[PDB]
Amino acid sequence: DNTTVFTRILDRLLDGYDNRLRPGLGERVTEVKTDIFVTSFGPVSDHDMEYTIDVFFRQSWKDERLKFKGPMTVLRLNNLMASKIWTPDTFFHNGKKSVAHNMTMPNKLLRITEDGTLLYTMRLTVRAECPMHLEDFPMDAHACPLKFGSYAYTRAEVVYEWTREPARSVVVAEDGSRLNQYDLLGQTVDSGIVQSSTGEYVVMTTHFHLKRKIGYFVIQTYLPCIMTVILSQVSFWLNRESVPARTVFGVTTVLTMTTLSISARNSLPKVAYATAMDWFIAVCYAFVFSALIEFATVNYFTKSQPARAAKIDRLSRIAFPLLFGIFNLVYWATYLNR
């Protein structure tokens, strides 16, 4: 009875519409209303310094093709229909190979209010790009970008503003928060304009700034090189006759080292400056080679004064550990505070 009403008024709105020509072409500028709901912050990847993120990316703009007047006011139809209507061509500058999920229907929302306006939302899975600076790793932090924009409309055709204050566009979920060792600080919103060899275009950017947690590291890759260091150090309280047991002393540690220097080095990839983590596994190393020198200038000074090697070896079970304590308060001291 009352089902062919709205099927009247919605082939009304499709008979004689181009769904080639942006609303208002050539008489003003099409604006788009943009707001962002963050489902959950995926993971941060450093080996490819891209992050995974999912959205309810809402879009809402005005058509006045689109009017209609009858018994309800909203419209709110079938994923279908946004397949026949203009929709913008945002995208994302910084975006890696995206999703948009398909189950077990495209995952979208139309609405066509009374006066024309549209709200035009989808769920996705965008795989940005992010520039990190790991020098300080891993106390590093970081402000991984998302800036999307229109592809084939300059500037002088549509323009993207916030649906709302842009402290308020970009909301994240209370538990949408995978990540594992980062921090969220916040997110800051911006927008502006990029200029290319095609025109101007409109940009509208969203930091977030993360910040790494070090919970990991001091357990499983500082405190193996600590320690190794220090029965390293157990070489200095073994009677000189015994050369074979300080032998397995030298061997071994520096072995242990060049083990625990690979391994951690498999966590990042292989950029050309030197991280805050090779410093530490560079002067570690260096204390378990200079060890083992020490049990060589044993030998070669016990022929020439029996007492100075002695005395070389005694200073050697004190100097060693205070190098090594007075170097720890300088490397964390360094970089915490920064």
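Numbering follows the first chain given and starts at 1. First, how it differs from the form deposited in another entry.
When the structures are compared between these two forms, the hinge, where C-alphas stop matching one rigid part best and start matching the other, is found at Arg212 among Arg212, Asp136, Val251, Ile85.
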Contents of the next structure:
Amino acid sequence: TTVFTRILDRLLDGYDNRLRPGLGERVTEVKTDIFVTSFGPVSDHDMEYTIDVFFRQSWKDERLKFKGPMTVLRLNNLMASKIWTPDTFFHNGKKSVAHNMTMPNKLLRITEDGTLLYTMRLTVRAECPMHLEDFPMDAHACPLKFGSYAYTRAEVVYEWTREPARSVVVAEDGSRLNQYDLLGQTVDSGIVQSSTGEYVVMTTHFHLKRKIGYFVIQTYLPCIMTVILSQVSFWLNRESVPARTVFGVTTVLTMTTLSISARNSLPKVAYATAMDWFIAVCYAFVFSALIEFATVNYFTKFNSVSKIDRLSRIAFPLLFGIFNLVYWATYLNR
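I have the form deposited in one PDB entry already, so could you send the form deposited in another entry?
Chain alone follows, minus partners and molecules.
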């Protein structure tokens, strides 16, 4: 009882938290590992994702060696604020939260030999730049880069506690993704240079593939059916001018409605995606089926089946099938 209090009071006598351990003598090596409790939602509109992690950091501080009956000392967060800790920050973090409900979710442990373990529970919102040119058949590698903010490569170096593949552990039920599929993660470390010097950066990349079935049912299938419906009018007799005219214009309106809804399901970007080109081609096909009828009607003087209609019943399904094969082989083979 009183021995613990004595050791706690004796620990901080003469300690200076403003100085890193081994200042001017060696490099402070920090061993880190991450346990991801949940890989939260990925926001396409904001180009960011949320992740809930248990961040663990271990290092050696000779100034905190103690001798006593106990082998491990557990520090109160108030006492943990009086001891130097690495200033680890996330390079691509946008707005992170250090949970303190109902108490600060931090834990500092000291072994008898002066080795400190610092575990904290964090919710990190990090930016994931995306190339949406192949939307909705795109794949991304959302990064998570962290490192020291103030200490250069010559002062503090980060390392993974175990082999890098096994250092970052994701829970079995961790994935909380509706639109993506977490294929895996790669763990690596590198060196960056800024105007303040060289820094060590620890990076983890999570590889996500978007689910395509939703866009197939909501957008691709209705567009294909609408184009087939527009080409169906080629089999009506040429004397039904109001019928084929209403068919053409209402198919154009249906395609316009589908295009607008399909765009409303895509984040607001100003470049052209793959679905934008698919919709534009379907729009061109529906427009052409009506220009074709206008050309058939311009020569309708019993009347025979128009040779324009006969050629269009073959050309339009063939041209649309060729476009479909080119489009899918273009994007499903990347």
